Amino acid sequence: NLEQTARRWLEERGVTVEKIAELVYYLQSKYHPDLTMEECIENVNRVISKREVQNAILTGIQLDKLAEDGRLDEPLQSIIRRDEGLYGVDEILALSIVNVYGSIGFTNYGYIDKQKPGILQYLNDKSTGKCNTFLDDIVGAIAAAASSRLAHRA
Amino acid sequence: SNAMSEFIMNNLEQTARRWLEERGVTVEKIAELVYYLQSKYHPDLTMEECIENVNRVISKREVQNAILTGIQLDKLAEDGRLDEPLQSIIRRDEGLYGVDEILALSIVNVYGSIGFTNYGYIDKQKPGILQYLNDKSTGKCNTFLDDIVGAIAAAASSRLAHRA
Amino acid sequence: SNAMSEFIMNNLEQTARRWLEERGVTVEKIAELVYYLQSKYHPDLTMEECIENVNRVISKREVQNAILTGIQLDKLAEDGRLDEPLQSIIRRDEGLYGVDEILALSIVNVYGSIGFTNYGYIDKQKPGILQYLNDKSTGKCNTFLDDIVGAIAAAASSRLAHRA
Amino acid sequence: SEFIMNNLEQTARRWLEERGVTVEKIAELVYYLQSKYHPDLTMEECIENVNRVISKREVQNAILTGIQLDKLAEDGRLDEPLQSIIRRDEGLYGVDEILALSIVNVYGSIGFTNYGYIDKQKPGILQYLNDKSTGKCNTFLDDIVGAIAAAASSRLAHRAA
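Chains D, A, B and C, in that order, give the protein sequences.
For the record, in the first sequence the residue sitting at position 87 is 94 according to PDB author numbering, with numbers rising by one throughout.
For the record, in the second sequence the residue sitting at position 28 is 25 according to PDB author numbering, with numbers rising by one throughout.
For the record, in the third sequence the residue sitting at position 144 is 141 according to PDB author numbering, with numbers rising by one throughout.
For the record, in the fourth sequence the residue sitting at position 39 is 40 according to PDB author numbering, with numbers rising by one throughout.
Only chain D is shown next, with the shape it has when bound in the complex:
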């Protein structure tokens, strides 16, 4: 009942196994020019296929939505809502995701977590009124999680 809920929750906000893959493609496009955008997608599918990751996305977005619609007691409400730089509970879940496939993909998550290419740029809410404080972290975390797998099979 999880593998599923995950993707519709992911989609429900505006993220697809597609743009996610567009990211994994960026992290290893230069190193694997010989590869299909489909390849990326399946690693992404396998990342999202593991419980620990799904176990998070729910928790992650649950807070994002819960903060956006703000039923959060203060100052937690404000903290999350303002994607506070000294607040790191989000990056923690992000880490568990990236950690699923091992140490190998850490420097990765940290690069797209700063830079923020593709949809990560969007999810940093360009004032979309929405709160993507956690997903912006779990998303990129899933990407680099896939980058670490993509290499574990090639």
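No lab work stands behind these hints, which were simulated from the structure alone.
Don't take every hint at face value.
Said to hold, decoys possible - Pulled a few chain D residues facing chain B out of the computed Cβ check, cut under 10 Å:
#1 44
#2 57
#3 58
#4 59
#5 103
#6 106
#7 107
#8 108
#9 109
#10 131
#11 159
#12 161
Backbone N, C-alpha and C define an ideal beta-carbon position, used for all residues, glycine too.
Using the hints provided, position chains A, B and C relative to the given structure of chain D.
Chains A, B and C only, in chain D's frame:
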């Protein structure tokens, strides 16, 4: 905004302490867990000695950030305000849900890898308050809290150790 | 050589197993800990299913890397070939050194945060081989091995659970 | 117990230098990561943070271990196949990633972003350390210095509010 940011992030300790008290946890009963872990290695160890450390860990934003988020979900899941399937999963406190363990680690790391073993150790032996927080009969949902209470105890011991 | 790299990173498993044997640890013995960790909940648990789970853990590149590294270090500290002060810190299983626990956590994480609490727990009670590995008088350094065997049993444990 | 070992900050420092890395070189990386976010951020400020980090036992522990392996590897004293795996800096071997993340966590999760970032930019000594044709093994020190910078950088943030 920029200054409202600083004000908010520098004023979490008091609130984090209150919530703990509001869920049944006392800095002292946590310190009680610290004596349980560090006693053996420290006969001379004082209860006040521990309290100090417990207070030390709690004075950390990373830990507040943890303590707040933890007791936040613990409540919504207790007031059934959470969406499904998160609501039930968290309310049930099932062994396949790990996030309640991912948060506790971030507290434990605050003082290093050394505290890892003690953490899992009291998370199993559930001595002191942990007993009450893991009790599913009380009607209260302590999915996250009994993990962070144990983590805080661990981290305090990790810090106590770094001091000796 | 890149093809040589593939050949190497793809063939670490049995080496990892041998090194464990050379250091006195058998898959069985590790399996026995998984037993201890899960027999109270699955009385009908067969030692076979335990082994199958421990083998699956060790089949992980991650674990293999941790095993080779930690044993390599115990071996070096044992033949006093490390440089001071690392040499004493590892040979004497120094109290504030957590590099061994850091390596273990990478094994535990292989199967999630669930196996964390079990790892710290067993990494305290020190049953089965752990008792030997911790001994401290056999003239053998097992500072890293101790933790990694504990970590594997705990990851195996977590896997067994995820399945049951 | 043999918990005994007091601060190894001074020894950690020497091992770093002896491997061609100064607190100053690491500080420069801290500037490179915070200079842009802080007006008149001074080098003194960078070195402080770098020193605060390097003074933590958690970090020291990582530094001694990481460097130690790098040394044994370039001297060809490890056991095969670990010897080649470490010497060749095998990308699928992540124990060095492990030790580095170790250093990062000493100062929160804010460092994860800079660790990755300076990891790819590879400025300053990171160019020397990452070379691969100096006949020197820096499989571990590489990540370690990148991590030390990240942590100090993270520390510098917390100590700004």
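>> For a quick check of understanding: which of the numbered hints are violated here, in increasing order?
In response: 1 and 10
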